[PDB]
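Given next, in structure tokens, is a single chain: the form deposited without the ligand.
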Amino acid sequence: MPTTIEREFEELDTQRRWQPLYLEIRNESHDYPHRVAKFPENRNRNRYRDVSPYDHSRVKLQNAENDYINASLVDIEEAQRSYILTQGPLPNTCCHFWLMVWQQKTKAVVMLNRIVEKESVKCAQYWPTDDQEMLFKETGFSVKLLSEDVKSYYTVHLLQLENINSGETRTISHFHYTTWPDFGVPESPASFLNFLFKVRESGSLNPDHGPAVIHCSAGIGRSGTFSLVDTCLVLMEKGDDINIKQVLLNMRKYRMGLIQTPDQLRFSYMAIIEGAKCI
């Protein structure tokens, strides 16, 4: 017998109402202060003028004269899973990015974009593609590529993150989804879910390590799609009955504009329906 979400999907797909449902979510989303993002000193720390962390959820860089990074802590209590969503780092904010990864005790970075997409640069090359050490002098960190695992539609890089100021080093799993087009969707729910399950298997979404860092270019479209599916499946695994629109609206209180297109919203539902079948 069809589930509630399955029946919802069927009616939206047969009446072609994804586009109206998406606009309803934009209309029902709540705006919050995001004033720090607008300080003149933070102008060069934002990739997109219209995409800003909220002041009540932004990740703060500790012990820094300027604590600002365009990154949001998304903390759904019912899920007992918190994530950081951030933009693709700029050349001048790669140093802040790794500082945040260190301070947050992050174990996994999930990167959903390619560096160059639709004839523009979406993200700085913030990790070594070769054996040379990548140095971030502004915050005192160095990154080395230890190993790579190239799969058919994604690559996992094992990165060694060195805090030069404390001597300590940590291994970071860098999960690079290389087949997710900008403003588009993954090739299939199955391939998306296989990737999500591999991120989960690394234990890097558990409450024992720090929050995983998810990013694309703006940190809201593909990153929001990936987060909505992961959060809804986590809530479904706990046995609580969810409404996808309400979960997305709740997640939008932590970071504005999660899910950029009706097709992305549609894909979320599809992946959640397929994920529920595994559960």
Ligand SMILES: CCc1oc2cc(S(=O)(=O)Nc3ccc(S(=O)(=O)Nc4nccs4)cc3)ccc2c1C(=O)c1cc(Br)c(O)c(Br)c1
Given for the second form:
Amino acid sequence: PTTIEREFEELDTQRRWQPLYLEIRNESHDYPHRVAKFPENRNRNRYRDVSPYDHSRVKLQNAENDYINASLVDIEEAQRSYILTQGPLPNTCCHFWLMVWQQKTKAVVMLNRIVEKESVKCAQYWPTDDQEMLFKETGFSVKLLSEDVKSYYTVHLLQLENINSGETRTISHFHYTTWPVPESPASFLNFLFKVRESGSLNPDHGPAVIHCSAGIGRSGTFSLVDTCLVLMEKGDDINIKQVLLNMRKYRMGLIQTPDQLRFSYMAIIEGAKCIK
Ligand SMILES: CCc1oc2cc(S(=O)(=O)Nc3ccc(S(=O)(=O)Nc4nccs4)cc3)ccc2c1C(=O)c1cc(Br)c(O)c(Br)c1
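Return one more block: the form deposited with the ligand bound, after the form deposited without the ligand shown previously.
Full assembly next; the chain just shown is listed first.
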């Protein structure tokens, strides 16, 4: 039994998952997010209570308004860096692809459906058929090259084209389509390591773009499990609470429910076991 397994059982029998999440909420530092609250940036935010910090937000270079609801989450100890962003709005899809191009991003990880519970959680920012999707505001076009439909997720091969220079880039779109938290981390871990197998999270590429609806809940679960697993391969005894609080310095409110926190503990334990 490892230290993480000992702690996981202690929280389970003592039923201390909600006070632990309350501790993480109370110890979370607040950072200024002034740019997100500008009146001109109101239509660029999906939710009023979700904003990127000024010190870690991703800037759209050489644009009139450089703002996008996206945060660069850097973890130097794990040599990992993700871009956690919101589900693009119909008017911010052009900015979403401008960010992907400027940051040299290789893959996009989508952990939500287009509609969920009678509500649209994300705009259709990529084409579903052979028709080209134009984004004249930033000068980009997206074409669907291939699609691999699996049981719980779908992988779309996309072509991001700079319509002004003709340069094209292949983007791997990993779309997890069956997020309820899941009762078992087997499906989530196999989806995460399929993203790992593509080499998209490797340092020779730009930061991968992780996003759900708000980009803090399910995206925080994906980033926390992946980062903690990398830190375990380095032989380091990790403090999952401290790792999560450190990532919360780059984007507010990572992990939204105690169940998401408990699922992150399960995915880290089962993920490290599958390597053994
Ligand atoms: C670490 C990623 C990962 O973690 C998982 C966890 C489960 S689980 O929740 O059922 N838990 C589990 C399942 C099996 C074991 S086990 O260690 O007893 N068996 C095996 N380990 C490696 C190959 S067979 C230990 C824990 C299932 C599947 C996976 C899984 C994968 O699907 C997976 C594993 C590898 Br290695 C890989 O290269 C890729 Br791609 C995906």
